[PDB]
Amino acid sequence: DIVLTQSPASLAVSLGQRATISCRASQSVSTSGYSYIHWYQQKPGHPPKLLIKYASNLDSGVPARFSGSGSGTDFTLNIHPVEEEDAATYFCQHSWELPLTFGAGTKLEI
Amino acid sequence: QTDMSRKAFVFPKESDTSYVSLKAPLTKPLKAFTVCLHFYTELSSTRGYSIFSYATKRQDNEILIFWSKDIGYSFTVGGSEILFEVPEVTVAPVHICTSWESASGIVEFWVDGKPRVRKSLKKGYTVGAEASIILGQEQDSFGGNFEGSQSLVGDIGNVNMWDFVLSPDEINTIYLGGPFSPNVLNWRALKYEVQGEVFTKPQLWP
Amino acid sequence: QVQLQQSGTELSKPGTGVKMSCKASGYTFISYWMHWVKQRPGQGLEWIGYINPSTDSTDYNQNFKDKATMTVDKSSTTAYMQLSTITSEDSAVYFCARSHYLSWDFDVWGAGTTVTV
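Chains as they are written, first to last, in this note's numbering: chain A, 243 to 352; chain B, 64 to 269; chain C, 268 to 384.
If we strip away everything but chain A, and leave its shape as in the complex, we get:
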């Protein structure tokens, strides 16, 4: 199955700065200009919230500081200005095949 390897394991960011989180697929997951990568936010004690679908489509109800990017094997989530609300753990996921897999996650720490 597709491994997604996700970096860094955690990230220390001042409020107002930029958090950049990366995900590497073991395969290309782009075709026809779409790319089957999804980003979630989970706060401790809560279920994950979808942030970005298909690497860069910002979900409804998500702030504009969240902005996904990437293509092929190499994807990122930016948070800018990184804000106190954004103290969370972040996961990439693919939709390319079955089984669906998640990255190990990253924890964002102020």
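Keep in mind that the hints are not guaranteed to be accurate.
Only pairs whose alpha carbons sit at most 30 Å apart, straight line, appear in this in silico DSS-like list of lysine-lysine [claimed, not checked]:
id : chain 1 : residue 1 : chain 2 : residue 2
1  : C       : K341      : B       : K182
2  : B       : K186      : B       : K91
3  : B       : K70       : B       : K177
4  : B       : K185      : C       : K341
5  : C       : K341      : A       : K349
6  : C       : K334      : B       : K86
7  : C       : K334      : B       : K254
8  : B       : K177      : B       : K264
9  : B       : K94       : C       : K280
10 : C       : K341      : A       : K291
11 : B       : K120      : B       : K132
12 : B       : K120      : B       : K177
13 : B       : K254      : B       : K185
14 : A       : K285      : C       : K334
15 : B       : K91       : C       : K341
16 : B       : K94       : B       : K186
17 : C       : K332      : B       : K120
18 : B       : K264      : C       : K286
19 : C       : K286      : B       : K91
20 : B       : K94       : C       : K332
21 : C       : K332      : B       : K86
22 : C       : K334      : B       : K177
23 : A       : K285      : C       : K286
24 : A       : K291      : C       : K334
25 : C       : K341      : B       : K186
26 : C       : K290      : B       : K254
27 : C       : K290      : B       : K182
Cβ pair distances, simulated, as ranges [unchecked claim]:
id : chain 1 : residue 1 : chain 2 : residue 2 : range
28 : A       : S309      : C       : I297      : 44 to 52 Å
29 : A       : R260      : B       : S183      : 56 to 64 Å
30 : C       : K332      : B       : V154      : 41 to 49 Å
31 : B       : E193      : A       : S309      : 41 to 49 Å
32 : A       : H288      : C       : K286      : 23 to 31 Å
33 : A       : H288      : B       : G187      : 40 to 48 Å
34 : A       : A329      : B       : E193      : 50 to 58 Å
35 : A       : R266      : B       : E151      : 46 to 54 Å
36 : B       : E144      : C       : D323      : 27 to 35 Å
37 : B       : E144      : C       : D340      : 31 to 39 Å
38 : A       : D243      : B       : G241      : 22 to 30 Å
39 : C       : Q270      : B       : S108      : 50 to 58 Å
40 : A       : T273      : B       : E193      : 46 to 54 Å
Everything labelled a hint here was simulated from the structure, so no lab data went into it. For every residue, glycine included, the Cβ atom is placed at its ideal position computed from N, Cα and C.
Starting from the structure of chain A, add chains B and C where the hints point.
Same frame as chain A, now just chains B and C:
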């Protein structure tokens, strides 16, 4: 698996020997399906040809999409056929979806993003999971017994299959080439075995 | 509103089995897949599988194909996962999530059921 995206299987010559077999992660027999396809051929004015052949050990022609020269499309499940008449036809790459449901027997056939009339066929049937799916040929027997006069000459790709009847909204998303994932046969994650003079080349259609 | 409400924490012993529910509400249950996903405490995410309520059909992560069994009740829009012969390694939060059954983005999630084995 291989990413066949923007590539298509090209069948330049009439033969019994050119085909590609597709391997599906099926386990439970199908109670419903959708197959969506993209193909270009000039044969439609000249003779009938196999567009999609699904066969099983108990029933060759277990799902079949075919073109009949004087009639248009035909659709078969469980060895029983319904027509989808198309008397005037033009040569261009045609996308189609077929879908069928055991609970209703209702057949939907979509051509270039528009439905035909919803028909009825093989209500209550069950489709075998030991499927020989073949592109380029029609099967008189499981995995073989091809007839050269029924082979496709042309170009076929973007073949996707679902365990279920898609919605009109979903068929429209697939026709417009938005992002979708099939759960029974996935063109980006395809498992296949080409035989004879068949080539993989970049697709003619957008 | 669209929501998924799960059955709440299950306490169980080695060699038992548990069946946890996921009531969907506020939407047409047939139009979507229900996914199930494991999360060990503080560690990652681990997709279990899906069920298609329309077709009563399922697939599983190969690590679960003998652990889990998903089902649905269409008459009461309730998804389930049953865990077989569960063991201390199975202690996790288990979430159910929706996806539009063409696109496998997990649109909305249940709160999770803790199973402590």
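Has the given pair, B/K177 with B/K264, been kept, meaning a C-alpha gap of at most 30 Å?
-> holds (28 Å)
Keeping to a limit of 30 Å between CA atoms, is the pair of B/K185 and C/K341 held or broken?
-> holds (25 Å)
Is it true that the CA of B/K186 sits at most 30 Å from the CA of B/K91?
-> holds (18 Å)
30 Å Cα cutoff - pair A/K291, C/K334 = Distance ~27 Å between A/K291 and C/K334 Cα, so the pair holds.
Take the C-alpha atoms of C/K334 and B/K177, compute the straight-line distance between them, and say whether it is at most 30 Å.
-> violated (43 Å)
A/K285 paired with C/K334 [C-alpha distance capped at 30 Å] | holds (28 Å)
Taken at face value, is the distance from the CA of B/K254 to the CA of C/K334 at most 30 Å?
-> holds (27 Å)
Distance restraint hint 46 to 54 Å, applied to the beta-carbon atoms of A/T273 and B/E193 | For A/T273 and B/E193 the Cβ distance comes to about 30 Å; the hint is violated.
Straight-line Cα separation of C/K341 and B/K186 no greater than 30 Å?
-> Distance ~21 Å between C/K341 and B/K186 Cα, so the pair holds.
If you draw a straight line from the CA of B/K94 to the CA of C/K332, is it 30 Å or shorter?
-> Within the cut-off at roughly 21 Å; holds.
Restraint check for B/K254 with B/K185, where alpha carbons must lie at most 30 Å apart | Given that 30 Å is the threshold and the Cα spacing comes to 29 Å, the pair holds.
Is it true that A/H288 and B/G187 lie within 40 to 48 Å of each other by Cβ?
-> Distance hint for A/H288, B/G187 holds at roughly 46 Å.
Checked against the numbered hints above, the structure violates hints 5, 9, 12, 18, 22, 26, 27, 28, 40; every other hint is satisfied.
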